[PDB]
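Q: My request is simple: use the sequences and hints to build the entire structure.
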Amino acid sequence: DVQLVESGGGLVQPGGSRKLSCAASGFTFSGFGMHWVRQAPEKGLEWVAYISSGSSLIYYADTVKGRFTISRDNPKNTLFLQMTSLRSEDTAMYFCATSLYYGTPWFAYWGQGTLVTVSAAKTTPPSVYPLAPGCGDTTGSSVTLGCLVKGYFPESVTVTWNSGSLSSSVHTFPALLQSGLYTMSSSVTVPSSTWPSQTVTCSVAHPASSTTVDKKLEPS
Amino acid sequence: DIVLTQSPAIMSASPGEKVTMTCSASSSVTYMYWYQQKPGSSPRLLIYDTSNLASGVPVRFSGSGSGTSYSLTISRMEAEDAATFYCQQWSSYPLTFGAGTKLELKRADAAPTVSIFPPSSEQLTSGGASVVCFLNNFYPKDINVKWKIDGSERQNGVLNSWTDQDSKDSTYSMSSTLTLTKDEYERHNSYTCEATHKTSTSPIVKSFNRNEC
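Chains as they are written, first to last, in this note's numbering: chain A, 1 to 220; chain B, 1 to 213.
I should point out that these hints are in silico values taken from the structure, not numbers from a laboratory. For each residue, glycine too, the CB sits at the ideal point set by N, CA and C. Misleading hints may appear alongside valid ones.
Some chain B residues near chain A, calculated using beta-carbon distances under 8 Å [stated by the list, open to error]:
no., residue
1, 74
2, 88
3, 95
4, 100
5, 122
6, 126
20 Å max Cα-Cα, derived EDC-like pairs, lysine to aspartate or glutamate [stated by the list, open to error]:
no., chain 1, residue 1, chain 2, residue 2
7, A, 43, B, 104
8, B, 141, A, 137
9, A, 43, B, 164
10, B, 206, A, 137
11, A, 65, B, 1
12, B, 102, B, 1
13, B, 102, B, 166
14, B, 102, A, 42
15, B, 38, A, 46
16, B, 102, A, 137
17, A, 216, B, 122
18, B, 38, A, 137
A: Here it is as structure tokens:
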């Protein structure tokens, strides 16, 4: 089966360069034109560049022309994209793609994507704060708790809840960017017979800083 | 550079319904292509050369069009079809895309469950104070939240974040965060968040008072 695997993404300083690779298997790579297509976070698809089967014909999107170079190594089954003079608006998931036929202008097979993030922000671990109800009596068969995960960079963060019921419902709220840093929150809703009678903790992993923080949710 | 306009930008359907979405072009197109994408996954090709069904794609999908007007139709919606759909045109390079139609799964109404939380003692030691309100598990997506501090509406310093449709019950949720300095937070007493939804016969109000207990 046809398979395309991108690599080379990561964090880039504004103005910097990065070279992406795409490894092809399961078809005769030298027989087919190839494309790069990108997708900025929470936005649509944008085609980036094309190279024909034997590199004779190349096209670029006007917005990357003069900065990006597409190339290929046919005997070693690899497509490349060299990026230079990168800017904030080049932040995107980068996909390689190819069509059914020799040089047709559409995308029948896609890789999984490699993420390129362009920012001068410094890698920063989050501050993790518990969201527990204020003092007072409560009613109802369930209680909601949260964790506020503030001031981190880069985006990748995972919050996992430990609670006393398999029925517990988790919501993960998308991170918002401020002053170069991200903030997100996560809520959990558990039966009121399991908290504060049983322990509830949120565990926040930030792989880019190799940090993990556990916060126990305590009653007022 | 042909510009492609997709309509509607967002729509919802229940399983069993027919679904049609359109893609119009600023100049004549030679072929149109259609793609489906779900969050965290790569796009997949649905339709090529305007009306050809791609291999392995379910037959409920079909494409049509000519000139400057194109469409994609799902004869009978299945729950697994909810996704964003993109059109892409061939005429001459560059290849361009529409901005997408997001097809949501239609669902029974659900009122939000609202919860307010005061700033933690840990956050206050850092000089900041975030008051958080969760509005969870509601449908449909449009909702309004209003903050009041000692009874006076506050708009500055509020940030709202919406989840995508839940993969289990197809509802939405939203978090609303009011951010203050520590000193400002400790100069006021009552903090209120108020949710108004299509389901709410009265707005749902949650509050706490700093000087109560």
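Q: Which earlier hints can't be squared with this structure?
A: As far as the earlier hints go, 1, 8, 12, 16, 18 are violated by this structure, in ascending order.
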